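The chain below stands alone and is given in structure tokens; this is the form deposited in one PDB entry.
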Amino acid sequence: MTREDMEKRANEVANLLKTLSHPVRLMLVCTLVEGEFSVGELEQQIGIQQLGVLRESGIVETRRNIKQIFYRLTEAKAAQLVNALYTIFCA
């Protein structure tokens, strides 16, 4: 609750902000808060390598069958951050 505890968490906080600092990476995470989407559905949703950066960050996971690859948001902190951004930025 204090700035002293926040200071101890800073590198982890700054890293998540770094993961969402790319607009494409932000829109992908914003889509993913609603549920699991295939790569095809995400292309339809965001109208666009960035999923790779997201995989590497560990905030998303993949589900794969013989037909397709599905992306799911696993870091609840990213979803809560994405949620807060709507409250702050929607006008």
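Shifts are known only where both forms have a C-alpha. Between two forms, the rigid core is defined as the largest C-alpha subset superposing within 1.5 Å. Numbering follows the first chain given and starts at 1. First, how it differs from the form deposited in another entry.
- Fitting the two forms on the rigid core leaves the C-alpha of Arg64 displaced by at least 2 angstroms between the two forms.
- Comparing the forms between the two forms on their rigid core, the Cα displacement of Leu17 stays under 2 Å.
- In a rigid-core overlay of the protein, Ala78 has its C-alpha displaced by at least 2 Å between the two forms.
- Comparing the forms between the two forms on their core, residues 2-8, 64-68, 75-91 form runs of at least three in a row where every Cα shifts 2 Å or more.
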Given for the second form:
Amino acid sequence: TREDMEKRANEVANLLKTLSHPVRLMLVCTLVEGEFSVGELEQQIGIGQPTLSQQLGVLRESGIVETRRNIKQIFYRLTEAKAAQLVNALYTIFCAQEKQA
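Now that you have shown the form deposited in one PDB entry, what about the form deposited in another entry?
FYI, this one's just the chain on its own, none of its partners or other molecules.
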């Protein structure tokens, strides 16, 4: 139905609005590769504070990224939700092209 297509469309558009920030994109593509601490994210992406934690804050609120602390260190990781499938596609299409053979 067109109402069901209108529902998915709005939902996907809202998700794209969220990912529509260069710092958020660098963060999610970095996290495809694994769990990283705030210090590791700062070094790999070249974004410091307050920006880096503001942007992970947005991604966490959006349900795209979550935290893990097994012993002591706080690690960020992608969630296993529907949005991680889009992140994985953006990595393959765009971010993966910056890799060295």
